[PDB]
Amino acid sequence: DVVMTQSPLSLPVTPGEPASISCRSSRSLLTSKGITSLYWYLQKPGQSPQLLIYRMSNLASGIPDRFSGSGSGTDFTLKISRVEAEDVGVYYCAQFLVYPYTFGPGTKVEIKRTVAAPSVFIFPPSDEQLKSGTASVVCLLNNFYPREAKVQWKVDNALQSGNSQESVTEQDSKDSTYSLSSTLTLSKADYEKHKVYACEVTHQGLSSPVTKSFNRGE
Amino acid sequence: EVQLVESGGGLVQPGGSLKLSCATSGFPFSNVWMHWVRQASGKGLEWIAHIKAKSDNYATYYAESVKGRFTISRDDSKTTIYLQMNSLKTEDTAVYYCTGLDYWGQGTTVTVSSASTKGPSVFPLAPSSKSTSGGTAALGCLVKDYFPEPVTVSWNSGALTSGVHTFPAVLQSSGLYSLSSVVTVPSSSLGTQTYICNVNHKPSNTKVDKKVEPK
Amino acid sequence: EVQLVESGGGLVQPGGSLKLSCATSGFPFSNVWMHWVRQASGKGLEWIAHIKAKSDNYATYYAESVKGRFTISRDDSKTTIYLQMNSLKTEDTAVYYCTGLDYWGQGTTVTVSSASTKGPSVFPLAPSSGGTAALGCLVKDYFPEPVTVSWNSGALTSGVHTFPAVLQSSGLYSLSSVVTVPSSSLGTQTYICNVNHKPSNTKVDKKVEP
Ligand SMILES: [Zn+2]
Ligand SMILES: [Zn+2]
Ligand SMILES: [Zn+2]
Ligand SMILES: [Zn+2]
Ligand SMILES: [Zn+2]
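Chains as they are written, first to last, in the entry's author numbering: chain B, 1 to 218; chain A, 1 to 215; chain C, 1 to 128, 133 to 214.
Since the hints were derived computationally from the structure, they do not count as laboratory data. Some hints could be false.
[What the hints assert, rightly or not] To give a feel for the contact side, a few chain A residues facing chain B, derived at Cβ under 7 Å:
(1) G44
(2) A63
(3) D76
(4) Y97
(5) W104
(6) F123
(7) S128
(8) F167
(9) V170
(10) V182
[Claimed, not checked] Okay, derived cross-link-like pairs now, DSSO-like style, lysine-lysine, Cα gap no bigger than 27 Å in a straight line:
(11) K202(C) with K211(A)
(12) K150(B) with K43(A)
(13) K79(B) with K33(B)
(14) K202(C) with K19(C)
(15) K211(A) with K211(C)
(16) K54(C) with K89(C)
(17) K215(A) with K188(B)
(18) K154(B) with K19(A)
(19) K211(A) with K210(C)
(20) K43(A) with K112(B)
(21) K207(C) with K215(A)
(22) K202(A) with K89(A)
(23) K130(A) with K19(A)
(24) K202(A) with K210(C)
(25) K118(C) with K210(C)
(26) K210(C) with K207(A)
(27) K44(B) with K202(A)
(28) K118(A) with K207(A)
(29) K130(A) with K202(C)
(30) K154(B) with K108(B)
(31) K131(B) with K202(A)
(32) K195(B) with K215(A)
(33) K130(A) with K211(A)
(34) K54(A) with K131(B)
(35) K19(A) with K207(A)
(36) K33(B) with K207(A)
(37) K43(C) with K19(C)
(38) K215(A) with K131(B)
(39) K211(C) with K202(A)
(40) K207(C) with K19(C)
All C-beta atoms, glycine included, are put in the ideal place defined by N, C-alpha and C.
Work out the full structure, taking the sequences as your base and the hints as a guide.
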């Protein structure tokens, strides 16, 4: 019932630069003992949440001096003085004063880095899968930034639509890049009808689309 | 060292029941307060339940979303807390964390679905290049047609982590998940290293090790 | 993505020969200079050799103690550098890294010894209500180093300690790998010791049961 809001929802930042995440509660979190029941968490990709700041301004044990918290009753600020690549992830505020306890929706920190075009790889369907009646063609985009990227599938130069799916990683905690997987799925019979399989990649780091392809059976 | 370890997650019918455990160690348990917090895929954190200690008469508190259906409890002699979940709904699907609000477990996954368990097929993604080509090669495993999430993928029993990407699974039109796990290596590395992807799908007790070799 | 991957290490008799490879990828190779640097167990870094690029006539340079025994070379078309090691001595035992002096590979282990390869035996260290239990596996009587130990195919890393190997009076190594867990998790989780000793082709998975 107590509403925790956050701004921004997405925060791009160049390493070495400061970042500020704001939080707001729909009512005061100050207690009769003068505690402000406001807590800050960071959840890194693939990990459970991690406490950074407790009761508005207290740094949890192990947490670098880079992190500080401040606030005025219902408005609070998590501050990072020198953002590092390792700080990528989702930052949550929370109140543990009025049941039901509540978290903010999270602010995703994005590390800004130099544009990096993807390296691109295409994998034909395995013979093992073909035996099962299906054919998946996989296109890998590796170590790129920014995240925005367009993958187009072409079979015998025909543009495919509606028969692929893709997945993107979270941002890497070391080099601040992304990778992406796209799978084109066909009947085995339809795979064996056509010759040229290509994935065409459009990305800001590429002066013109890159195409990786193969001919079925060499 | 403080350790919190959740267990008991799995696939269950709407309307069904499940009991989660959180085994703890590394700290005096008698006066510590604990919580369950859950997170659905791609979504934020949702506090679910709070249980206090003996001197508080093991007082409990619940999110409105689970009241009358879930029961948080603790066994001080086994330094463990539990989440009894009854009348499960599809909306209850999420990773469930046990936490003291400072330390958090790794989480256990609960999936509420009328679908049944199905183990994956594991197919090789053959090396892109050859060994005399220089430059970068990519190889991987396609882990397809499984339910429910999650699957664990390692390479060379965990010895290989540099260059690995294990992608979020996608739900196929068939209602079954698929994912790929890839690794890049220097082309000349091919044919001097062996590459095996280790797939574990606990809900179905499928374990598969697939050697991926150049075609 | 920059990658440097060394290979070709292993066990060799005194006076023997071995060729190390360092396969690279992720960067234009034609004008990059590279080095081999080695590190004996518990000891510091020792520069071994340097090789320049084609426009430098692939000039090479060596540490005093390997001159006339080792040769650094490169194959630009395979983006790979090499270390041919002849007349090996026990003092050459070490992990060998290739490096541009900024990026480094993970290294490959070279052992120069008259001992022969021996694969380990793997024994459970059985778990020891509430509170903390510890369990492990004893990886005994192997040669040479290294051994790789993981738990649950690498899905278990919290609480794990894989200790440095000790050399026994027999000339063989022994090590332990242990993990601590909450006692209640002993009834809800399986614990498997994955041991790999490449020099002996020894692969053992050992379930450690209460
Ligand atoms: Zn209400
Ligand atoms: Zn067609
Ligand atoms: Zn066609
Ligand atoms: Zn990568
Ligand atoms: Zn420990």
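Status of each hint after checking the structure:
The interface hint given for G44(A) holds, since its Cβ lies 5 Å from the closest Cβ of chain B, which is under the 7 Å cut-off. Interface hint at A63(A): satisfied, since its Cβ lies 5 Å from the closest Cβ of chain B, which is below the 7 Å cut-off. Here the hint on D76(A) is broken, as its CB sits about 22 Å from the closest CB of chain B, past 7 Å. Satisfaction of the interface hint for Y97(A) is found here, the shortest Cβ-Cβ separation to chain B being roughly 6 Å, below the 7 Å cut-off.
Given hint, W104(A) at the interface with chain B, holds; its Cβ is 4 Å from that chain's nearest Cβ, closer than 7 Å. Given hint, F123(A) at the interface with chain B, holds; its Cβ is 4 Å from that chain's nearest Cβ, closer than 7 Å. Against a cut-off of 7 Å between C-beta atoms, the interface hint on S128(A) holds, since the closest Cβ of chain B lies about 5 Å away. Hint on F167(A) holds. Least Cβ distance to chain B is approximately 4 Å, under the 7 Å limit.
Hint status for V170(A) relative to chain B: holds, with the closest Cβ pair at about 4 Å, below 7 Å. The beta carbon of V182(A) is positioned within 7 Å of a beta carbon in chain B (closest approach about 5 Å), and the interface hint is therefore held. Between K202(C) and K211(A) the CA atoms are separated by roughly 16 Å; this keeps the pair inside 27 Å, and the hint holds. Note on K150(B) and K43(A): the hinted pairing holds, with a Cα-Cα distance of about 25 Å set against a maximum of 27 Å.
Of the pairs offered as hints, the one joining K79(B) and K33(B) holds, with about 25 Å between alpha carbons and a cut-off of 27 Å not exceeded. In summary, the hint linking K202(C) to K19(C) is supported, as the alpha carbons are separated by about 17 Å, within the 27 Å threshold. Pair hint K211(A) plus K211(C) holds up; C-alpha atoms about 22 Å apart against a cutoff of 27 Å. For the given pair, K54(C) sits about 31 Å from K89(C) by alpha-carbon distance, which is inconsistent with the 27 Å threshold.
For the proposed pair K215(A) and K188(B), the alpha carbon gap of about 20 Å is at most 27 Å, so the pair holds. As the CA atoms of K154(B) and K19(A) are separated by approximately 49 Å, the hinted pair breaks the 27 Å bound. Among the hinted pairs, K211(A) with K210(C) is consistent with the structure: their alpha-carbon atoms are about 21 Å apart, no more than 27 Å. Using a Cα cut-off of 27 Å, the hinted pair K43(A) and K112(B) holds, with the two alpha carbons roughly 23 Å apart.
Restraint check for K207(C) and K215(A): satisfied, since their Cα atoms lie roughly 25 Å apart, inside the 27 Å limit. Between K202(A) and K89(A) the CA atoms are separated by roughly 22 Å; this keeps the pair inside 27 Å, and the hint holds. At roughly 51 Å between alpha-carbon atoms, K130(A) and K19(A) are farther apart than 27 Å, so this suggested pair is violated. For the given pair, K202(A) sits about 19 Å from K210(C) by alpha-carbon distance, which is consistent with the 27 Å threshold.
Using a Cα cut-off of 27 Å, the hinted pair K118(C) and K210(C) holds, with the two alpha carbons roughly 19 Å apart. For a cut-off of 27 Å, the pair hint linking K210(C) to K207(A) stands: about 15 Å separates their Cα positions. A hinted pair counts as satisfied when its Cα atoms are at most 27 Å apart, and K44(B) with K202(A) qualifies at roughly 24 Å. Restraint check for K118(A) and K207(A): satisfied, since their Cα atoms lie roughly 13 Å apart, inside the 27 Å limit.
Restraint check for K130(A) and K202(C): satisfied, since their Cα atoms lie roughly 24 Å apart, inside the 27 Å limit. Restraint check: the Cα-Cα separation between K154(B) and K108(B) comes to about 34 Å, which exceeds 27 Å; the hinted pair is violated. As the CA atoms of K131(B) and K202(A) are separated by approximately 25 Å, the hinted pair is consistent with the 27 Å bound. Distance hint between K195(B) and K215(A) is fulfilled; the C-alpha atoms sit about 18 Å from each other, no more than 27 Å.
As the CA atoms of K130(A) and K211(A) are separated by approximately 17 Å, the hinted pair is consistent with the 27 Å bound. Between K54(A) and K131(B) the CA atoms are separated by roughly 61 Å; this puts the pair beyond 27 Å, and the hint is violated. Between the alpha carbons of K19(A) and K207(A) the distance comes to roughly 25 Å, so the proposed pair stays at or under 27 Å and holds. Taking the CA atoms of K33(B) and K207(A), the gap is about 54 Å. The hint is violated against a cut of 27 Å.
For the hint linking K43(C) to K19(C), the alpha-carbon distance of about 23 Å falls within 27 Å, and the restraint holds. Of the supplied pair hints, the one linking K215(A) and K131(B) holds, its CA atoms being roughly 17 Å apart against a limit of 27 Å. As the CA atoms of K211(C) and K202(A) are separated by approximately 16 Å, the hinted pair is consistent with the 27 Å bound. Of the pairs offered as hints, the one joining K207(C) and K19(C) holds, with about 25 Å between alpha carbons and a cut-off of 27 Å not exceeded.
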